[PDB]
Structures are given as C-alpha cells and as structure tokens.
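Take a look at this single chain in structure tokens; it is the form deposited without the ligand.
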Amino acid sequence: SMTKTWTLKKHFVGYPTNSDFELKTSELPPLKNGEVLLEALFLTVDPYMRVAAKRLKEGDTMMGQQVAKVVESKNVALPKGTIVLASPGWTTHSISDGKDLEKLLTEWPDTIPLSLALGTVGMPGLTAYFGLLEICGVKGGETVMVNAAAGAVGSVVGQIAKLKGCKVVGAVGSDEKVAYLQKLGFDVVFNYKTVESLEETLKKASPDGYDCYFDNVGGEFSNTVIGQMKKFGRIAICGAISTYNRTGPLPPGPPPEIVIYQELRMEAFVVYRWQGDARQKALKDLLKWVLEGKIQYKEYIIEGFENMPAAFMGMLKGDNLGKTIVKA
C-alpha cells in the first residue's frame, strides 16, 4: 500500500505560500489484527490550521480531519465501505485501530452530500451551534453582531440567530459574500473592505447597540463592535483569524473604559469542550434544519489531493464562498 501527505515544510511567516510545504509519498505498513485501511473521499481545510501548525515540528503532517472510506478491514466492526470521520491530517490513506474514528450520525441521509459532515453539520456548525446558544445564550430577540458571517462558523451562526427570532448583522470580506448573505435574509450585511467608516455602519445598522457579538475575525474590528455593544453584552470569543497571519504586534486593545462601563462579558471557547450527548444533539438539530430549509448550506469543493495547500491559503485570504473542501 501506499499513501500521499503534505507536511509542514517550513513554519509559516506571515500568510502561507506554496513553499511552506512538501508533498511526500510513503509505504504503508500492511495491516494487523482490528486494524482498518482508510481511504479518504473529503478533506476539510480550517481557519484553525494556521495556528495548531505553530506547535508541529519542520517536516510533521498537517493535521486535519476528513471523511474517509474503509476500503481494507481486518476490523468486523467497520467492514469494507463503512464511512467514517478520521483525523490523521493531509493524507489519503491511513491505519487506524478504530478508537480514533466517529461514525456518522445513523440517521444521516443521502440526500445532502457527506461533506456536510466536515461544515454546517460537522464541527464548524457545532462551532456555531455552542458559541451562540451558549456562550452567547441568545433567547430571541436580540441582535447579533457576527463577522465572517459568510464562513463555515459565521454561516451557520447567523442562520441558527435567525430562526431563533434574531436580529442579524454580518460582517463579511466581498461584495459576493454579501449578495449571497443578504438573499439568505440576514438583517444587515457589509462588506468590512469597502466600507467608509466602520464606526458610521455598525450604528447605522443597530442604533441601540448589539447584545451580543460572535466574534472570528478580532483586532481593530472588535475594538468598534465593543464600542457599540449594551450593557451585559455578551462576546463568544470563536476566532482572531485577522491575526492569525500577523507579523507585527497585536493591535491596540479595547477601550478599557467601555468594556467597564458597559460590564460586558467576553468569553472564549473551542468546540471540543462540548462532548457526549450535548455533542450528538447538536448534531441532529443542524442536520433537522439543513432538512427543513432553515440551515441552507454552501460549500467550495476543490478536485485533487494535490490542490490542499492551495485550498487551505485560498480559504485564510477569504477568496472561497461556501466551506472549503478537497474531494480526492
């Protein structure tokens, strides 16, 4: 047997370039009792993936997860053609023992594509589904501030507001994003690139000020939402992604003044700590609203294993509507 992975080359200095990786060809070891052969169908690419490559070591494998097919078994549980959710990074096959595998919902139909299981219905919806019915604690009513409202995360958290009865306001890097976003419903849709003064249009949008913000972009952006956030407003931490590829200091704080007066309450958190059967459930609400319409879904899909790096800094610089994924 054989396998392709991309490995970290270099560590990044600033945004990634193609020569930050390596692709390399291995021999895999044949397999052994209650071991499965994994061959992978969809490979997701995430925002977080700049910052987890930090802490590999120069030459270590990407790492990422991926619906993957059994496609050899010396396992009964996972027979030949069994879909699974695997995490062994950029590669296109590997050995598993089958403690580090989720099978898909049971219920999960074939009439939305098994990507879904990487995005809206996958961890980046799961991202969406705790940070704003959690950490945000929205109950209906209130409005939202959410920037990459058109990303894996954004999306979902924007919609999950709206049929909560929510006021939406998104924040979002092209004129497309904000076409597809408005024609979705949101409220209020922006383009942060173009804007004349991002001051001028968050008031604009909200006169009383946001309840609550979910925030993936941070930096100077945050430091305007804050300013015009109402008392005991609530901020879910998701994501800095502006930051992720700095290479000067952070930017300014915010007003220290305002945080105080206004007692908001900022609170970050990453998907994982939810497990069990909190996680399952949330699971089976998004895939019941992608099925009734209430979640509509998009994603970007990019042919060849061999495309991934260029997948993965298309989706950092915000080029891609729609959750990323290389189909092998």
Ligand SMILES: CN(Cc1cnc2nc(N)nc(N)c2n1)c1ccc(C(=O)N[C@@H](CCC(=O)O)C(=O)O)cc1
The other form holds:
There are 2 protein chains.
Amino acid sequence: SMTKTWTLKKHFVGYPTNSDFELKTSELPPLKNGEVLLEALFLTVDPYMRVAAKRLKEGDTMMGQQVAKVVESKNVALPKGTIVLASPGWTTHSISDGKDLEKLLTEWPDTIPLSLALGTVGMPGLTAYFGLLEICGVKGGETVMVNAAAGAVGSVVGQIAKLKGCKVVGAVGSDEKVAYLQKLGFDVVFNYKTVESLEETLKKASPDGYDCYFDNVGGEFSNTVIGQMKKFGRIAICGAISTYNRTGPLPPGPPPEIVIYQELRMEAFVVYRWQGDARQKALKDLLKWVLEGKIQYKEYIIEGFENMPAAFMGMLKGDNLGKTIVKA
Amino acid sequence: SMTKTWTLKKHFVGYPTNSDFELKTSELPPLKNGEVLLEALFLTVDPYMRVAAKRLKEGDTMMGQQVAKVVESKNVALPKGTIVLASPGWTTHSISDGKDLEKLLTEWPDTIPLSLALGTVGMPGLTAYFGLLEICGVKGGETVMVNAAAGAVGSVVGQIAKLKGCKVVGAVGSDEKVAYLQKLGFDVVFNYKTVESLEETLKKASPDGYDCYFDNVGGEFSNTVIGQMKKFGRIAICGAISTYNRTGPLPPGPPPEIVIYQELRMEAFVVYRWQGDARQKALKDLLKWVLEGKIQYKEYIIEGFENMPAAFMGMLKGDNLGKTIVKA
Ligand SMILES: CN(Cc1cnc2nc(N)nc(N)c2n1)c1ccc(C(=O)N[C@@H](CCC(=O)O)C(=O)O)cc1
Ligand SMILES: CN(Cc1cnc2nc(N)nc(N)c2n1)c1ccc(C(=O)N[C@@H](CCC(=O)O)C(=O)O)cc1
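Output the form solved in complex with the ligand next; the form deposited without the ligand has already been displayed.
Let's see the whole complex now, leading with the same chain.
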C-alpha cells in the first residue's frame, strides 16, 4: 500500500519551524510471512522528540508512537482488526514483524478514547506513576511541587498525588491551564509566566517547604524550587523542557550550598526502566483510576496527518490544552 | 588562664588573605563546677570553613575542631590528662561543660598520631566512609571518580574503594599529590591543573565511564564527569570546593539531557547524618584499616597556632601534601 511519512529535513535550531519537516510519499513492499501492515489511527507528539531528533540524520523519519490497527496480516497472533501500540515514527502506514508491538490492555473499554493509550493511560501516565511513587517515593501527606502541570505527565502526577493524600502545587504557562487544573483538585495553581515573583508565589503556596519535586522543566525554575525543599527532599528529574530549544548555554546550576545543607536526593529516570509485571500493574492502576473518576483527562485532537508538524510545534509552545494527539 | 583566638576581621573575597584574620588574646573565666579547661594540641583547617565563614559576623571566632587535653578539671568524668575532640573554634584554650565533647575511641593506640582523629580516623574519614559506601553504594567492581583526592576525604575514599575491590580514578592539584595517591593504590591519578583536556584524561582513565562519583569540587569539573557517568551512575555530593573561593557568577548546571538519558542518582550528604552505633562502627572500621595498612595516611603538620591562617590558605590552594593540621 501507500504511506505518508514526516522526515527531518533540517536539524532544529531553537524552536522547530515548518521548513524543518518534509512529507514524503512512498510505496511499501508486500507483506512477508510473519509480518503485518499497520494503519495509524492516532499518533502522538511529545517533548522528548525535540531532544531525540538531534540524534537523527537529516532525511530520517521523526520518531514517535501511535495507536494502529492491523489491516493486512501474515501473522496469526495479530489478525486483521487487532489494535496495537507501535513506534514506526511519524508515518500513516508501516510494516512490522510483530515483535516490536504491544497490544492494549485486554480490559480496555469503549467508554474512553483509544487515544488515551498514548496519554494518561499510556507512557505519559506511566511516567507520572513511577516518577512519583518510586523516584519521589511519596507515602502520604507530602507537599509535592510539579511544574508543566497541565501536560499529560504533570496533570497525572498531581492527581495520583491527591488520591494518595498529598498536597499539590502546580505551575503552568497560561491562565486557561490554571482553571483547568483547579477542576482537577490541585491545592494551588499559578501561571509562572505572569506571577510577579516565583519565589514569593512558591513560599506563599507552601511556607512549610516542599517534600517532593516532580521536575519536567529544569533551568532557573528548578533553582528556585530547590531553595524551598525540605531536608532530605526528593527530586524526580523527568524532563528539562525549558532547555530543549536553547540556543545559548545552560543557566546556572542550583546553589550547591543549599543542596548539601538540605542533603537533597535528585534522581533522573525514563519510563522504560520498568517493564514486565511492574509496567503492566501500573497500566491497570491508571485505567482503574480513570474509570473511577479519580484521574480525569483532556485531549487536544488535531485532524490530519499533514498537520503533525504543526501539532508538534504547538505542543512544545504549550499552546494546546490537554494531550496533543493527531488523528490520521 | 589566658587564650589566643583567631577571628574573622573581614569577609573573604575569593581566596582569603592574611589581612582577613585578626588574632586576639583574652582571659578565660574561672572553672565552674562540672567544667574543664581544654588546651589545644592539634587544630584542623578544612574546606568547609570557607563556606561557613560567610555566615559569621566580623569579629567572630573562626569555627573548627581540635584535639585537646584537659589541663584543669572540676568534672570527675573528664580528669586531668584526658584527650578529647572539641570544637571551640580556632583558639588555644577553652572551657567546656563536657556535653559538647567527644572522647577518642577506647581502643585508640599509641602507635598513631593523635592528629589522625581530625583526619583519616576523624570527620574527613567518616565523610569518605558514609559517602562512598552508603551514598554511592559501591558493591565491588565499580569504577569510582574522586576529586580533591589527596585530602583526607578523597584519600580515604580511594583506599576504601581499593579494599572493597573497585577501580579508582583520582584528580589532584599538584604533581607531588599525584605521586602520593599512586603509592596509596589509586589505579589512575592525574593533575587537573596541567592536563591538556579534562574530558580526554577522564576518558582514558575509564573509557567505559564511571559508576560512582564522589564529588568534593562541583562546577565545571563535575559537568565533565557527569558526561562520562554510566547509566544509573550515582553521585555523592559532598562538597563544591571549586565554588567556595569563586569570584564570578556560578557555572552552568549539568546538561540535563545527559542526566536524564543516563538516569543518574545524585544525593548530597553531611557526615552528621550518621550518629550513634553507625558512626562509632565506622570509626572503628577506619581505625582497623589504618592499623592493618589498608589505609595509609599523610599529615602536613604546621607548627605554631600563629600560623593557622597561613595553614588554612595553603590548604585551600592545594599547597600542602597530606591533611593540614596545626600543632599548637
Ligand atoms: C514514551 N515516553 C517515554 C520516553 C521518555 N523519554 C524518551 N527520551 C528519548 N530520547 N527517547 C524516547 N523514546 C523517550 N521515551 C514518553 C512520552 C511522552 C512523555 C511526555 O512528557 N509527554 C508530554 C506531552 C505533552 C502534550 O502533548 O501536551 C507530557 O508532558 O505529558 C514522556 C515520556
Ligand atoms: C567535620 N566535617 C564535617 C562537616 C562538613 N561540612 C560542614 N559544613 C559546615 N558548614 N559546618 C560544619 N561543621 C561542617 N562539618 C568535615 C571536616 C573536614 C572535611 C574535609 O573535606 N576536609 C578536607 C581537608 C583537606 C586538607 O586538610 O588537606 C579533606 O578533603 O580531607 C569534611 C567534613
């Protein structure tokens, strides 16, 4: 069949632009014995792609995951109609030998969008789950500071915190996202772009300090939060989105004297560290909390594979409310 | 009784200079019931004093620990002749009620200098012990990077690593210190002030990266080490000496894409976190290893209390081979 594919025409300089992407059309070969042909239903765009694109050669397909369905099959374990998670990149059709695929939860109901398998009940949600429960290690009652809180990771971090008995403080970059998070049960939410002083806003948000810091942003924002950590405070380093598009050198590191005196623990992680039983268990817990209403979700769905570069750029700028998903 | 005290005349700018200190003489009050008069035998100078001095008021005594002897006693628990660790600051004589004192290990032998209680078999050695064995969590076979490696901390870090079955790489500030660490069993030792490229020297010392980083220095040196940590590498943040005498703005932080991609664990600590049986067992272990030859030591004894500022400045600049101690 035919397929459309987004490739990296030019390595990004600062924020990506439209000319950095090129759409190519091609004819895929026939299926070989044991292979399947997959048709993309929903594709995701995520901040990590900004970092990962730097390792590609120009002309290479953009990396990324998708929900797809088997439309032709020479693999009896993956008959036509099967829905799978696949990571062929930004492409509408692809061929897989079945080994790099992942079926959805067998209990996946029709009452939630399939696209949540790329979001709250997918890798972003699993990232919040392990970053909070394992890396931060919350037990109950802690005060958690989480930035980029309106994204699919931060929004799930705060809600898992709330249903575990923890106070939550969230930072976002738009008053529109401020209201969205209050509805989700966040104790405090503020717009970091507009607050007069971040240090004063954080101190008022919790004069007692912060036990845990789920950090997606990094940079100067993290230095301010670090100064307000309690002793033995834990920092989960999930991302540094504020530096991914940087043209200049990295900002100053956190004041080492504070870090040592407070004896902070700071561990970075990637969701792929957990597999097997641990990963399956977390997925089921996320699905359960979605059905029970403890974890709400919101999506920004963009129609058209042709608009994937636009969805990626809007997502990086925070212009989209909810998980940015492209519908093929 | 009379005493001499070194005070902070002016807050340091960059490295200290002789004019930043002022020696004073005073008359101590009579011993009340339950008190002792302590005569300093050995006083230590250590890098942390540079940071702590910023919090002092001008005129205040410089902080620090000493090995002292009871020369007059109204406390039956501390008779005349008892050797204690005390922290009255840079002073030759002081009065204590006994609650803030620490007796030496009951098994302390007459075959080692008493000044080791301020070094290898004191707080520097305990910092190396807990930092390496618990914060880094060396298990045997790992490769360890330790800077400020010729100090009492770094020298103990490397030798505990050697006796636990690890490969050890050490950076130092002078050619003379390179030879000393070679004799102690360090696998690789180098002078970071004279190498063409820090990145290349570290690569050659361990082409496959570093499992553990015992960090006393921070700054740019640590950014380079972080770029060569293995996946799940662990960093014990003990000090940030490169920033203590800094004059310019703080250096950039570590590249978070490397920290996240490698999933590094980075925890700061201070030796006071461990007390009681844990601290006492560590001290006995250090004493054992010294008596077995598994931990060699070197001291740079400067004679004269009047030379304590010079000892402190030479120690800060890397001029002294071995733990800097002032003999009263
Ligand atoms: C699949 N996955 C794991 C993950 C993490 N880091 C990686 N890093 C690299 N280099 N490569 C990977 N494949 C990779 N994968 C993900 C996917 C999305 C998000 C994430 O943070 N998504 C945004 C999406 C924001 C939005 O769409 O509005 C969020 O904040 O929820 C994190 C981890
Ligand atoms: C007593 N102690 C614990 C410690 C650590 N940080 C502190 N920081 C502050 N502000 N205050 C303290 N009392 C303090 N104490 C110490 C003492 C010395 C060294 C230390 O690093 N000494 C140098 C001495 C170098 C030399 O003499 O050559 C070394 O590397 O061995 C560390 C911890």
